[PDB]
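4 protein chains.
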Amino acid sequence: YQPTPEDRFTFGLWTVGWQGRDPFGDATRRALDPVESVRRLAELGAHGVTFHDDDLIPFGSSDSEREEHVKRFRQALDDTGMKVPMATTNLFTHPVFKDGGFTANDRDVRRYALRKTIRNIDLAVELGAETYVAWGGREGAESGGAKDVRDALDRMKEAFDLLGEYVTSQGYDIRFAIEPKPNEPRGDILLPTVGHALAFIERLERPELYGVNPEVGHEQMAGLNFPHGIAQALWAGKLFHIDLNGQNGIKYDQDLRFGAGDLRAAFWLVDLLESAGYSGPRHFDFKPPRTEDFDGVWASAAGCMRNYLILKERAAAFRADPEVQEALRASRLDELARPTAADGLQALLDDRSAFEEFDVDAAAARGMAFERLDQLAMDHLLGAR
Amino acid sequence: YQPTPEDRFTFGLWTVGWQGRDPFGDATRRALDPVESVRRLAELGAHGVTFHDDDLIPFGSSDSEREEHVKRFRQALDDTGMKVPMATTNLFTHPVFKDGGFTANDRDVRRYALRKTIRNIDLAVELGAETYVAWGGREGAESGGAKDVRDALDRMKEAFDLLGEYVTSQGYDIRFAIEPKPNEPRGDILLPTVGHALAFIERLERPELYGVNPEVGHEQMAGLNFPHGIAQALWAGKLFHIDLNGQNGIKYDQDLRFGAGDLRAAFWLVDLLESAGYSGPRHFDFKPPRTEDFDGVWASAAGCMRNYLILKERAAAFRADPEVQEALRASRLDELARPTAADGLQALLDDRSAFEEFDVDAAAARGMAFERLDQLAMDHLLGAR
Amino acid sequence: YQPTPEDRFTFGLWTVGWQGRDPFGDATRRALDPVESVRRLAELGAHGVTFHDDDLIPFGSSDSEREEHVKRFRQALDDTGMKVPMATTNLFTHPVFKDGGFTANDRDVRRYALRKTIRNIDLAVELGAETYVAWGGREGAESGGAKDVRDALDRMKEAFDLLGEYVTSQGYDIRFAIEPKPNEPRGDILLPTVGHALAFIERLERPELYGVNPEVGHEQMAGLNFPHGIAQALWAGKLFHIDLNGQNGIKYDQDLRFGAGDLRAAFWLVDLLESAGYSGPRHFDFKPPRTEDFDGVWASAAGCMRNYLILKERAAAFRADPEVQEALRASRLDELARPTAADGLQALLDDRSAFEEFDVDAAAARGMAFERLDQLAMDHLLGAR
Amino acid sequence: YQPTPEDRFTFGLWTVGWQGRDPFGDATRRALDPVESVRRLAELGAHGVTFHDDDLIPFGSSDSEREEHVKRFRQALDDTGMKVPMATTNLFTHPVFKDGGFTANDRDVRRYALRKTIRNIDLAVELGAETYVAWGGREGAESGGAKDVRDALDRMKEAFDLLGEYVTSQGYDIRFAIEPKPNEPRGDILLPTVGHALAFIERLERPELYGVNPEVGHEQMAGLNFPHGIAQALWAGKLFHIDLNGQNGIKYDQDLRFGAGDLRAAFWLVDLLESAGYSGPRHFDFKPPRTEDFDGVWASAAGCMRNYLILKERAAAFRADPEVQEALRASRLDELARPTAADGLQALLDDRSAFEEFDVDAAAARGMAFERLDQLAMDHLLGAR
Ligand SMILES: [Mg+2]
Ligand SMILES: [Mg+2]
Ligand SMILES: [Mg+2]
Ligand SMILES: [Mg+2]
Ligand SMILES: [Mg+2]
Ligand SMILES: [Mg+2]
Ligand SMILES: [Mg+2]
Ligand SMILES: [Mg+2]
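Here the protein sequences come in this chain order: A, B, C and D.
Going by UniProt numbering, the first residue of the first sequence is number 3, and it counts up by one from there.
Going by UniProt numbering, the first residue of the second sequence is number 3, and it counts up by one from there.
Going by UniProt numbering, the first residue of the third sequence is number 3, and it counts up by one from there.
Going by UniProt numbering, the first residue of the fourth sequence is number 3, and it counts up by one from there.
In short, the hints are calculated from the structure, not lab data.
C-beta atoms are modelled at their ideal positions from N, C-alpha and C, and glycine is treated no differently.
Treat the hints with caution; some may be incorrect.
Taking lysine-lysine and the DSS-like style, the derived pairs with C-alpha atoms no more than 27 angstroms apart in a straight line are [as the list claims (entries may be wrong)]: (1) B:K314 - D:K85; (2) B:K85 - B:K314; (3) D:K85 - D:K314; (4) A:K314 - C:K314; (5) A:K73 - A:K85.
Derived Cβ-Cβ restraints for the label pairs, each shown as a range [stated by the list, open to error]: (6) C:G239 - D:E325: 46 to 52 angstroms; (7) C:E8 - B:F296: 51 to 57 angstroms; (8) D:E328 - B:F296: 55 to 61 angstroms; (9) D:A278 - C:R331: 48 to 54 angstroms; (10) D:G279 - C:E128: 45 to 51 angstroms; (11) A:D345 - C:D295: 26 to 32 angstroms.
Chain C residues, not near chain B, derived (Cβ > 10 angstroms throughout) [unchecked claim]: (12) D24; (13) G173; (14) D190; (15) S277; (16) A322.
Let the sequences and hints guide you as you build the complete structure.
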């Protein structure tokens, strides 16, 4: 189960680079140099890395220090063959963003947030990124009167519209992906799920430039079914990027390695991404637990990719099994894919077999055979088939 | 705190009519005749009632029994002055709907579900309803292989598109509202939150005919902030109807009387509906607990309306208080309402005060004063101001 | 992965017998005769069955009908070799129990609840049950003033003490197990978790007669770690019985077949039960989904036992793997099992290597190697080792 | 609603002193000197302060620096009249505790954790504390194989037993209180709720020395009813201390000011503490949001005490209202307080009115009148009575 760059596995610099500072504890690991993370990830078989502006260029750096940080980084990409498919902006760490970036109540902060974003979009394009992610982690509230949400959504639309005007006027080939999260670090965060972000995009001036970047653990912090949410994003044509990790239920954002947390949900997610032909990066937004030393960091990163490849094999064996194909027909998955009324409304209204003469008790008695289908899926996941 | 019909309080026949059968227990109350519910609700000050087809006309009735059920009902509306602003279809109780109505795997069930819906739309229009609600309570799955969600969303879009073609071809003045719920009775339900339903509507053929009917307790079953979700529906222009009740956190759907459950969320909800000028029905989808006899049923229904009027008074006193208006300015709510960059992109890019010369430490040190604002809101809610 | 009666798999009559009535829907399956369930479960390899009084003898039966129901049942046990290891009382279905049985506010209901329980204890002993379960599903409240919880706990202690006096005065060899659940059907249920039930038992007059009967899905409805809760019950010597099933997070009680829901938690549970030598029944309290016909019922029941045996094999391979044994030592699980200070308090206080001369930075730098250990466990679960 | 020291309101130095560092953001406020917090809290009307060892004496201080830190602190207590009713140990911040203190897998860490605790117990006694709290925030796991929980509970019992032997051998008048939390910062924390901690205490060598210190928000992170959990702790005689704050549901630990979060639960909590005559400190373990400057910190602290006094007044008016006293009798709260069977088992068994002649349908038809009672409680809370 050996990854290669063709598997398109990517990692944020902030993932393997997390020093282990949590709300109750100091860092347990020293800082990693971005150049060393690139080299170690290349050796594990990764395809590329992603970054926030402040992961790569320390906040407050002079333009001359900035050029030197970028030069060293680009040399490590050249040395390794690693790509940079995605970048994003840190609009959450510095105290100035304590009430948000794009939806801060203070107008001057909002203007600053936009300039900081636009500067990094230029750098992202220079490094070859195709997707620019926005995670509005400070956009939200702990109390009801602090944030008029209609005005805040106006400000959010204004900010994304301005970013769209900027990339189109520069002729940049880059698209935006919104990363939802329901809460943490704010008490409630605006656009809290996949669905809210999809709905918001449809009110932007150029909707074709925006999609979503859903994260496994974030939809599970609302108790939602992550493969279902991804299916709706694929259906809408909006799955531009994805963040893979693990989460044990409704609690703080754990960012466990992918495959930990809800294992059956990981299986159904991989089944869907592979069936649907998702061709974007398989990106891991995860945190090696702060119990670990650096050997544990790299073992945790390797585990992310290993678990994806094991689940990919098991999902492919499931779909290819003639006995499963039979069970899918027994459960009428084929009939779900056929139109309800391609004959049209008037024919439906005239069809007495659809109502006047429909035998409701005979249809009701038909079992769906879902439990046998699900146990076949369990046997495949466990290698008992 | 006396309600009158001008307050537009409405109730489903299934609310005060709930007999108290739960998954573990038999009914504790006898069935109510719809005519007696209309009369008792009118005496309490309600404005009108709502119904599922099967609440008013027992499933399986002949067309002659159907006419008699409707005639009696219409006579009680005439006798009382009660309106029927909304109706909906029962596509969840009968065993034929065990895998869904519009997204059942069996095609013949889906056709039946549409015919059953269209029949009730005609009746709804005849009784004067302006909103037709769809709650897809059986649309979903307990296991991952049972439902291909992309195909199911195709079937869901097909069904709503056909309903839109029907009302437009009949010239009916009625609009549709989707009522989301994340789970129960299915393990996961399709379109599980406000956001997912809003996003789905934008892919329908005639989006202007569809909005949402959010319910307090359902968004709280995903741990989401219900006033925030309503703000996004208002922002999108899609709040066609609302279901008011109470819920204590993430658990089974309690449908407590409005004001029970999360009381501060009820306060902020009423503040928003009244501030924004929502003019639709204030509809209660609630269940008097099965501990209660019929006197407890009517006390519970009266409590719904009482609690709305108390919270309406407290929210109005809050917004009118000069000290609160001062605090809103101290917290820069006024600045949230002003455009970030009405001067445009190029001027933003040339504005050195937005970045090169922006004093990030001075802006960071400014307190938001949200805790003082929130305690003013608490004092108002509690009548300590 | 074939079960036999030696595996001690048991099922409630109410599990495979669930007709599929949920809060929103009518039954989808006809009632099963208890004699046919016994026969079909024996053919699948089960060891025995369990029952509520009202599952076996319809509520309200005459003493003569009661004897006939029991005789037929005992003949099916004789015909099959099936055992009855556990029984329990239905104190939740009939409307008289709408505010509880042992903690109903009405004293006459509480007396009735005790007499109904004592009658079934006699029958349980006659059928050979060794454990008598109490699930206080109606003991609780939807509102804060309805139940003084200190008085209710006095009533709960009174009821269990009286049951203890009854079995000791009759010379019965039977023990009691309390089954916790946090909510549903009441808004909050008294003794909501394993921990609350363990603490309560220690205040009973004869604590040695009472233990717990935890259920997978119920502790997961509070977001708790079920194998951790079972470890604490084993540590206290109180794991008298267990209910096995599956649950997807914090929501209504799903009672999915065992192995569905949180699969990794099922693996760690089986590891613990087998390591610790739990010798009681492996009881499944589950509901075949109401999508299923009777063939799906028996496939779902068979899946419960299959998944236990697969996980038993994988947990045994994990613990027996020399590479895992090495990793357990790398993670210092051996050191966790050794006393912190068998040398005693005074020696600890005099030990300068414990504080004055303890090198806190060297100890802090040691990685725990938990991620490598956890990936070995993942590889074993998935059959990738 | 003015607090005075007689109200026994206390605050941790770490509460108003929280600098606002969260998992995603740097500190927004400078550090406060413990002497200035004592002075400002005294001016607001507080009764006293609490501390972790490392809040008062910076980690790593020499014995000479330690004496100077304590001297300054004691002078501010003398200057203000502020008391120190409780103290506790920081066994979570330093990296050495990354796998726990009392249940760390490494034995040398566990020994160090005990010595660090014993040193602070001596200081606590010198400052007059009567309660010593233990919050085992690092005791737990992110993965199933990392922690054998039976061995860990042996280590936890060993540590608390050694602390009990120490205080008894020194003749100290101090008692221990365990503070449960279900998760955060570990994936699952050992003794996760009130109930688990109560059960654990009963297995200690000297159980009379240990009680619980429950926190509002922590039981609500498991979706549990906090006033119910406090009632069980009072019933067991184990409520030694309490942490008051606010939480909005199942998510990260918010530590909002008391009265925020679940307001009705705050009302029922105050009702119970005052009814039962709890005489310990009313301690606030809360975090002023990092949006706030120092003026917001003190407004947030003042709000904690204000909201307690408002709810105390409303709960007292509720219980004193003759109409509520009538409703309590209508709901048979008086009958809940009377013994089920003070006549004894044999008389219960001979009482035909308890079963053979009990009219189950007449008892079932009696309404509980809980909704009217709950609306009276709502009217009192809102000042509408
Ligand atoms: Mg995350
Ligand atoms: Mg992410
Ligand atoms: Mg509901
Ligand atoms: Mg509703
Ligand atoms: Mg259950
Ligand atoms: Mg059970
Ligand atoms: Mg807390
Ligand atoms: Mg605390």
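Hint numbers not upheld by this structure, sorted from lowest to highest: Violated hints: 1, 8, 12 and 14; rest satisfied.
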